[PDB]
Structures are given as C-alpha cells and as structure tokens.
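Spelled out, the chains give:
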Amino acid sequence: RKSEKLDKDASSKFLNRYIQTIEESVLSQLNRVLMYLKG
Amino acid sequence: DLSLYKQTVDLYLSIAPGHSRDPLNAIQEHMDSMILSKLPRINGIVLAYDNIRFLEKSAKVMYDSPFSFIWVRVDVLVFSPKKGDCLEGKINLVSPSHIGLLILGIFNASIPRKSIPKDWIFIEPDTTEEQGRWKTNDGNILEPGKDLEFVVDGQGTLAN
Amino acid sequence: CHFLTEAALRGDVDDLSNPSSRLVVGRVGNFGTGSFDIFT
Amino acid sequence: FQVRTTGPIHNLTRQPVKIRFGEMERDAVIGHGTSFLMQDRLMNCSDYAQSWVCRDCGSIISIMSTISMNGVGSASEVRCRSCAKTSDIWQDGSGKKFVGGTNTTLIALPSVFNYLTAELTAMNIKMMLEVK
Amino acid sequence: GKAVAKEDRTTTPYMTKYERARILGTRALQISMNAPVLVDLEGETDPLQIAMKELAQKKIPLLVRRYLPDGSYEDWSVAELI
Amino acid sequence: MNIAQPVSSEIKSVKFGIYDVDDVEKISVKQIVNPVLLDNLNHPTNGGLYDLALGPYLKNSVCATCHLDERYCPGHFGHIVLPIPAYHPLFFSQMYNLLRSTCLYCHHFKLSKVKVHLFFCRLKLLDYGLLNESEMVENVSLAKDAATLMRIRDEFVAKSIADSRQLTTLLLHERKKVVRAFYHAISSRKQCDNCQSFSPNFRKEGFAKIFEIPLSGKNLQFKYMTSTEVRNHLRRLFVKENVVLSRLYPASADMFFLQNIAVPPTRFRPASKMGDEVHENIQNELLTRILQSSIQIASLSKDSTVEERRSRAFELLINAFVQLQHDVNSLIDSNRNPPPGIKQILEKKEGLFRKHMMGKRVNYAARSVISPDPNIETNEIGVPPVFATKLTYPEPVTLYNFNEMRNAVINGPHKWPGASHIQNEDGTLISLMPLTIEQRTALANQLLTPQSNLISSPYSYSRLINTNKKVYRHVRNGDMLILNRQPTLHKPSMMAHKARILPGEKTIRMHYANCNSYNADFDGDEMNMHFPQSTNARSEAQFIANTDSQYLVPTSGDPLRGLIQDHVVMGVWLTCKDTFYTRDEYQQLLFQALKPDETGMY
Amino acid sequence: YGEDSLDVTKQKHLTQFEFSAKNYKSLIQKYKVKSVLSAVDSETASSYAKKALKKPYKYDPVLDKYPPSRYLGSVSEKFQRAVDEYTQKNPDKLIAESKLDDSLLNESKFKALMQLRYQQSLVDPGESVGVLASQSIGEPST
Ligand SMILES: [Zn+2]
Ligand SMILES: [Zn+2]
Ligand SMILES: [Zn+2]
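Protein chains in written order, with the UniProt record's numbering: chain Z, 12 to 34, 44 to 59; chain Y, 3 to 156, 167 to 172; chain L, 1642 to 1681; chain P, 1029 to 1046, 1054 to 1120, 1128 to 1174; chain S, 61 to 142; chain V, 1 to 142, 172 to 195, 203 to 258, 321 to 347, 354 to 411, 421 to 451, 461 to 724; chain U, 1063 to 1158, 1162 to 1207.
One or more of the hints may lead you astray.
Stated by the list, open to error - In silico EDC-like cross-links for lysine to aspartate or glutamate, where the CA-CA straight-line distance does not exceed 20 Å: (1) V:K26 x P:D1091; (2) S:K118 x S:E104; (3) V:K12 x S:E104; (4) Y:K85 x P:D1091; (5) Y:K85 x Y:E31.
Derived from the structure by calculation, the hints contain no laboratory data.
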C-alpha cells in the first residue's frame, strides 16, 4: 500500500516496457490506447 | 489531460502451493488476471506492470493451508478519468437520448442529452431511424469530426 | 458479566495470550505446534 | 452408538445440534501440545465461517455488502456503514447512498463469536478487533 | 521487531518434538496440493509418508521461524536443524 | 473447513469499549417503531421487528438490504429510539457510586483536589510500567500551597517518565488495587474540599429508582424522578473533570446510559416451531415490550408538552419513565423485575463460554461401546466396516494416488473401501449416493482434469486453477483416529490409534494394553472416536500424540501401558525353567508371536 | 523449568547409571553422536563445570551461565555429583590402569555419553506445561 509521483512520459515508457515483458485481449486494448495517446 | 498514470503499489500475493519451486510463475499467474481489470484500491484499470521483485522475507505459509503469502512491489498503470480536465474520444453511437464515445478506443462515454444544452439539434436520417447526426447550433456535423472533446463529471458534459 | 463489564469500562487490550483467548477468536494456540510460524 | 459425519446445525451459533468435545478434552489436547488438533476439532469441524471485518473501524457488524452497483459485471465489493459518511459510492436496500468504508477484509472466526457479537451489541458494548 | 542475525543464534539446534510434527504435516499438505516431490518415490501413495521419505534424507524446504519471547525470531533451515 | 480458502487476515488483538450514540446510528440500517409483528398476510411488517432489511426471514425471503438470500447475508442490525435515555443496567452500580461521590454545587469530586491529582499522577506513572516509581510520588510532605504540591507531583511524574522512556500482570495487579483504593476514597467524603458545601445526597433502590431529600438547614448555612437530570449532572462532572476520568477510562458521555439501543437480525432471533405452539422468543417478547413502553412515553410526552395539572402530568410522566427504565432493566438483567435476559443467557453456567465456546459438539466423531481383542496390535483399533463407510475425510488427488481414489469412487459410498463424494476446485460438492456405477465411473475417470470453465471462473483472483479435486474417502487401515473417554482426567486418556478395519462385528475392538490407560473395564463404558480431518491434524496425531508414544504417565516416570492378568500368569508359566518345547511348538509359537505380514518391515 | 532436565518422560533413566554404562553401544547410536557433536559447544561448559564444582562460591551453576540446549557440558549440579560418585564408587563396569582402557571404554567416554544424554533429553521447548501440572494434580487426587 504505497503511492508516488509520476509524469506522463514515465507512464508511456512503462506501457512500452509492459508490452515488452509479458507476452490476447489485454495487449490488444493496450495497443489501442498506445495508438490513441500518441500521434 | 495527462490522465494516464503509473503507481508503484505493494500487494499481498498468495503464492499457490503448486508453484513453490519458483514464486515468479505463481505471481505472474494472478498478475496476468488483474490486467485490464479494475483494481479498486487505486480506483482505475490496470494496464501495465513490470520489475517483479518480492521484498525478501521468506514468504510465509498460512497457518493451516499450503499456499504461501508475500508482499510484492509491482508498478501498475491505471487510467484515471477522475473528472480531471478536458478529454477527447471517437463517436460510435449517436442518438437523441445520449451520445456514445470511445476514449483510447477502450473506455466508454455516455453523455446524456441532460448534460448537453438544447442548442444542438439531432437530424433523423431516412436510412436509419435511430442513427443520425447530432448537429450543433453552428450547424457543423460531428460524424466526420469523430474527435469530440469535453469535460468529465465522474459520464460527460457538453454544457458550458 | 462481571469480568465483562470490568473489561468494557476500562477497555483493556490483550494481544492474544492464553490458549483460551486464542480459542475464542478462532486462531491457533501459542503453545505446542502453534508456537512458531513456518515459512517458505 | 451414534456416528455423526454431518447433519443439522444450530439456529443461533451454527453448532452441531444436540458429540461433546471440550472443557476437559481441551485440557488433554493442549496437554499433548497439539495446537492444530485443538484448533481443528474445536474451530474447524464444529463451526467455521469466513466473516468480513472492517479493517479501519475495526468492527464486524457495521459492514454491509454493496447493492445494485451495476449489471452482472463484477463482484459485490463490500463496504462499511459505521466507517462511512460513482465507483466508490454505493446505495442501501432502501435506497440510501453512502460513501467511504473501503477497508474490509476476510477473517475466519467461529460462528459462536458472531452470535456473541450480536448479544453483546444488544447491550451496546462492542469489541473493535484489529486486523493486520 | 528484529530478525536475529545468523552469526549469533541462541535457540536449540535440535528439531524439537513439535517442529518435526508440524514440518511433516505442512510438507504433507503441500505435496497433497500438487507440489514438487524432491525425492524419488518407490510407489508410496499417502501424501504424507512421502514427506517422511523427504525428511529422512533432509531434502526439504520450509525454514522455520522460532519466535522468542522478546518478539524477535530466528530463521532455521530444516537442513540446519539436527 | 476447506484447504483452498486463502484467508490472509491475522486477528492481532481485540479491544473492548462502549459504542456511542453516533455509531449505533451509523451502523444501523432500519428503525423499529411498530409493536405489531405480523399482519394478516402473515408476511413481515415493514419497519417491524421482523423487517426483511433487518434479517431475511425464511420461505425464500431475500434481504432487502443486501439483496442476497439467507445463505450469504450475515444479518444487519437495527436501532430503536428513545429520548428518555435510561441508565445502563450494568454500570448502574458504578454510575450510582460515581454520582454519590459527585459534588453538585462543587461540580467536582467530594475529595480534595490534591488527592485526586495524586491518584492521577499514580495512574499516569503506572501507564509505562513504573511500580516503585508509582509509590515514590508520596514521599512529599506539605488552595495555592496545594497547587504548588500538585506541581511538585506532576513535575516528579514528568521527569520520571522522561527518565524511563529514553502490559503485565504486576502492572495490572497494581492498577486494580490503586483504583479500588481510589473508589474507597472518593465515596468517603461527604463535604466538598473545593466548595466546602454539602451536596445533596441521593438514595437508590434495587428496582432502579434513585433520589433523596434536599440539603439540610445547618448545611444550608454553608424518592424518584427523571433520569435526564442525573444524566446531565454526570455529563457535567465528566466534562469538568477530564484527566483523571480519562486515565480511569477523552470522553465519558454515553457510557452509563443508553439513548438508542440496537436490535439483532432475525438470524439470531428465531422461533422454535415445537409442534404446533408458536412462541417467538423471550428476546423478541422483551423487545416488543420495551417498544410498547417507548411509544407510550412518546404519546405521554406529547400530551405533557401540549398539556394540580403539573402534579398529575409529572406523576404520570415519571411513572411511564420508571416503567421504561424497569423494562430495559428486566431485559438486560433477569435478576430484577419479578424471562431470561442476555446476562442470564450468558452467566447461566448452562450457556456461553462453557457449552458453546470451550466445548463444542463436533463433526466427524463416532461413539460406541468398546470390546477387547488381543489379535490386532497395541496401536491399532478395530473399526467395523460400518464406521469404515460412515466416517470420511477429504483428500486432494495427485498423480500417484489417483488410482486409489479412482478405485474408491468406483466402489462408491456403500462399499468399503469406497469414497464418499467429490468436491470441485471452485468449491461445490457433487454427491455420490444417488449416482449409478456407470455415472460413477464416467465421473471418476474425469476426476483428474482441469474442469473450471475459465482460467479464473468467478472473478479475477486466480488460484482456482491451482486447487485439486478433493475426494472424501472412507477410513482405511492406516488412518489415525483419536480415541477418548469421558471423564478424560490426564493426557494419556485421549490418544490417537491407527485404525484397522475388521469385518463382521458391530463393536469396535482395541487391545488390552490401553485398558490401563483409559481406565476402562470393557463392561459397558463407551468411547468417543474422532477423526482429524485435515492432514496437519492427522500428521500431528500420528507423530506427537499417537498411542505407542504414551508409554509414560506424566505424574511419575512409572509406565502405565503393559500386559495384564492372563499374559503375565502365562509369563510366569512360560519363562519357568521346567518348560521344554519340540521344534514344532517352538517355530509355531514364535510365528504366532511375530506375525510379520500384518505388521511388515521384515 | 523445574531444574530443567524434563518432566518424568525423558528423565527416568538418569539415575540408572549401571544400565547406561552396561551396554553403551546402543545409546551412542540412539543419540547420534556424529550429528550432535558437530553444531553444539562441547569444551566450554564442560570446563567451567569443574570450576563450579569448586565448593567456594563466585561460580554459579553451569545452567545459569550457559544454556543447556547448546552448550554440551552444562548439566545440573546434583547430576554431576551423582555421576562422579558412581564413577569413583562402583565403576566395576568402567575400566580403571588407564592404559588397559583403550580397547572399548573410557571414563571420559562414559562421562561424555552422560553429558550428551542430559543434553538430548531436555524439555521440548514450546511444551504447554501448565496443564501438565494441572493434570498431574487432578489425576492422583481422583
Ligand atoms: Zn459500526
Ligand atoms: Zn441483508
Ligand atoms: Zn462543592
């Protein structure tokens, strides 16, 4: 039970790291949010 | 806004007995269930996690059961739409009862006509009775402009 | 009731000491095989 | 001769209805140094329950299961009343809304202790058992 | 609280008459719930006597925490006990 | 109990304390105002003592509050209001004594403030475990000067705690004695030391009525009524004297009286349908009775507010007040008001903490007459195949005992060594009695396979894939099942024998050796025979408390097991030196003695 | 606890010095010397024991200075007194002089066996002993 501070770029780089670490529906929606947030 | 967040949380994971050789497998086994699922402590949907390390305290065995327990530090990526500020989404359904959007392609937005002011009028096409364009008081069509921006209540609001 | 009202007025806290108090709350005793905790 | 594998339970304390093991059997078992056998024969096999407890306010009765949160969807995520004042909020059976009272966890305590909590609160004196 | 260091441990090196029973019990439960057996079986079926075969050779996990009356505790590997 | 249940809580402490007026309001869900219980439709009255939001009644009535049937709803309390508040029946004695020591004109205790400050310093210094330091405060010998003395004592205590910082029985053994001395002291003074006046005394009753005459004339130079005035008087005393009452118990408002008492759900308040007569219970009877008195007070106070008119009005008001007080008193304490009350269902010596908590009736425990058998073993106990079929214990199914369990379910719950029934990984129980052997075989083949129709069927907490399918199997020739005999005086009287399952007889068999231990005579006294379900319990019964390890009584070293009459006379006759055997008798008698195959290892 | 060694269960044969010394070949294998002598201390408490047997004071009982669970010399005083009075008084089993000893026995070998016996037969810590006394007073009363 802890919380800390964070910026958006850390969140995006960590979204990248989580796309990388554990490898159907979940990562599909994650690619969806990745394509929506960027661009 | 910057509605995406990542928070390093600490949880109390129950390592099943079948995986007492390596804990990592039994940790992943129930971490990969929480993904895309509402983790209510942080009040959001978990999207990402990495750096799977356990505070080494020789995970404790429940006093009558074979599955162990341990505190594990993992970093979640909950999306928090807690009425922070303006957001934006693509419309899929439109009706003179509410407007339907998808933000990030995932999360639903049902903006009723209550939070919409009267000044925008809906035209009912001859091909589909329900589906049609919700024209604004200016006269602009929103179907080509899929991107609709608003502010949130908790649900959206188009009234200023 | 006597010991009860006495413990209620003062509001006294046990950790959980004796096997009888450990039994009323449903946990294992602190004696015997319940003395230690066994870890992985 | 009477062999009891399983059968009826009690109205109040959820005990086997009226074989006797205790108050001298307990002497024998905690004499042998058999904590787990005592906790088995007395707590496990007689009356076992998983009751929710409010972790913050530390009590066991002022908890309530949440009602009409959404469609079938997810689990009814229990909350607390005595610790209370869209996702977090919830209603009551009569329709009263509440908020707060999130720290609720599972504990295992014999049904007779729940009955004792009942007959004790009817006297207004209540124990606030903590949980870690 | 304190976790007493490995250099100085004041508790008895003997597997007390109780730690043996509970170690065997919890190991039997673990093996009954489809855990890895660390020693070759010869055809024994009971999910407990397998734990006896494990303990006879000292090939068992599950270090024990001995809680001294201060509140401190020692961490003894079941290989480490006598 | 299940082994898959993951409970992660660890109950670390309980703490008692009074529940104030605001909390019984917050925790409650409904109010009970209607003295009527059931209507013509026979369904529970809304807001009534049997409200569906109070507790779900039977006949498939889902709780209004939680929207879940009687199987899953833990009951929800209620409250009933009364603006009377009457004083608590338990602290009534302690409340009355603290009132006796009150100074109404002084608004403090009758004691000298320096003595009360002394006891406050004592109870401060006993807090952190300082005994001789608690007693050293008094080695000082001397209002303003009394104020200086109080400052000396307080600074002594402050410096002492400062030196100490940088519960046990002795601490509690001293606290209780010091508080007993305090309460002997405060009840002694009749004149104020701060006010110097004589506060008006109060005289009590056993029927819960209190008051006394006004001041005397010489002291002026210097009966029963409403409880509200004494309530506010005690509240004033408590708010004006803060620190001492804080250490002694900051708040003490609603300890001694009750303003809105709670009702337990229907789950704890049933109506035993004994044949035809239907009495709800004494508990709901008494609650209904206090409810009637409450609504009567409401109507009467309405009548009084809207109005010797004051004489009769106040008379009837105080009479209804005293009925309400006497009624609450009759509820919580049955030793008053000439109907079992709560204190009398606890303290009954037939009730809780001796017949429901320490010694509970138990599942999986047979009971039968014993009879002797010399053929089995010193460990083993013979059980007929009837106890073989009627006592079962759960067992997860693994790769190498799968054959045993498949064969057990094949044999079925009517044929030893058959199994009882299956428990799924999610937690349901698939019985095996009504099934036919075709269905039982079809089910037993698909007994070791992942059947949960998802990775995590109910919700996103995924240990439901790791659990095994638990077959309840019958006892068999190695299961360790406790024996006992009431009265069980000393620990060798409750032992754990291996079961050996004999055919034919309907009387369990045990060997003679244990006859000396259980203090039994095989003449008609019978023995409880338990079965430790979980595997931890049977492991500890097999290694710690098994019979062959009970060879020495605890009182003295002298052993208690060992052979008896016939064996020992034949011993004197066999070891005697005028005996001789040919080869045949030697071999035969030896093999009768050994009997390896039934035991093994050789 | 009550001058530790144990409640009667594991303390019966300490007074039977003739029996332990009689065979002595099975008791060393019952105590498993090669596994016990490894991790427990042997020289310290045994050395200090003799100094504690010096009649003058200022040397406490070995049990108080050194715990008896791990220091394999520390044993109650009367036990030392009795084992030594037996070893000196009636050693008809114990051979001696000392040269003829080194075939199968040694006075020191037997005293080491007895020290190991006391050590291995301590009270099993964690025992609930209150109910042991309670029942040992309830039983013989009835
Ligand atoms: Zn509450
Ligand atoms: Zn309910
Ligand atoms: Zn005064």
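The hints, checked one at a time:
Pair hint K26 of chain V plus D1091 of chain P holds up; C-alpha atoms about 15 Å apart against a cutoff of 20 Å. As the CA atoms of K118 of chain S and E104 of chain S are separated by approximately 18 Å, the hinted pair is consistent with the 20 Å bound. Restraint check: the Cα-Cα separation between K12 of chain V and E104 of chain S comes to about 41 Å, which exceeds 20 Å; the hinted pair is violated. In summary, the hint linking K85 of chain Y to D1091 of chain P is not supported, as the alpha carbons are separated by about 27 Å, beyond the 20 Å threshold.
Of the pairs offered as hints, the one joining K85 of chain Y and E31 of chain Y is violated, with about 33 Å between alpha carbons and a cut-off of 20 Å exceeded.
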